[PDB]
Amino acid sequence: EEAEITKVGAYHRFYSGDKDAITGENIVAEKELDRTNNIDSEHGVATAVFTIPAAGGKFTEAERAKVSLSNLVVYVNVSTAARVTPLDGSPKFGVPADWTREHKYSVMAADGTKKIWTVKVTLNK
């Protein structure tokens, strides 16, 4: 029945300086960004403001300076049993993508009710 966005989160995904001893590949790390969310249900607008968390572990001071709105991993939480689909040129959730502009999504409820959502994300450096 419900086709809502309930949360908008983001990660900075990056190559740590560590290498796998067998494959020789650089190991990937991910850091969740701090957030504020503004969910406007009436207008189907989900807004998030991300801030860069303090340095720690492989998320060094140098890596904090690499966090970019043009290459951000965004994820959403939706209503129980709802399915979200990107519209037009919208990036997929869970993949590094350009989030400098807002993007539209179709959220489909368990009963098949569809609701168009606009996701708008900013980064405060």
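Numbering follows the first chain given and starts at 1. The term rigid core refers to the maximal set of C-alpha atoms that superpose within 1.5 Å between the two forms. Shifts are known only where both forms have a C-alpha. What changes on going to the form deposited in another entry:
Compared between the two forms on the core, the listed residues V49, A29, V84, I39 keep their C-alpha shifts below 2 Å, save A29. Once the rigid core is overlaid between the two forms, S106 does not reach a Cα shift of 2 Å, moving by less than that. Relative to the superposed rigid core, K115 undergoes a CA displacement smaller than 2 Å between the two forms. Comparing the forms between the two forms on their core, residues 12-30, 61-66 form runs of at least three in a row where every Cα shifts 2 Å or more.
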Given for the second form:
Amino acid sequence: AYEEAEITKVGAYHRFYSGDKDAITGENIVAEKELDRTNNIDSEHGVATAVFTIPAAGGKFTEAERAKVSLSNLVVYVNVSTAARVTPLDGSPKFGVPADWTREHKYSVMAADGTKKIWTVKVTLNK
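Alright, leaving the form deposited in one PDB entry aside, put up the form deposited in another entry.
Here you get just the chain by itself.
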């Protein structure tokens, strides 16, 4: 239980300035669009795969904005086992930062007990 170092979800989203300013503070508003996803998490082979689909333009996610989302500058995130922590291997991008996801990347997930498991994360993008 405390021994678990699993990836449980691989997701993606795009945050961008909507062009609005907050009604009270004037702060530039960030709209967040979650991408549609399927995962194939294959624990026994140390690989987690996802196919993301960019949702249709709508609201502040205009066609112009939708055109800015690409596999070369994609924000990926994961969920992991309870109380586990994930670290990019040297050269892999951080989760939550726009990054080049045209190639697969490796991560070390550390379980609460300090043991680890290496994961390969590979994603593709559909439009």
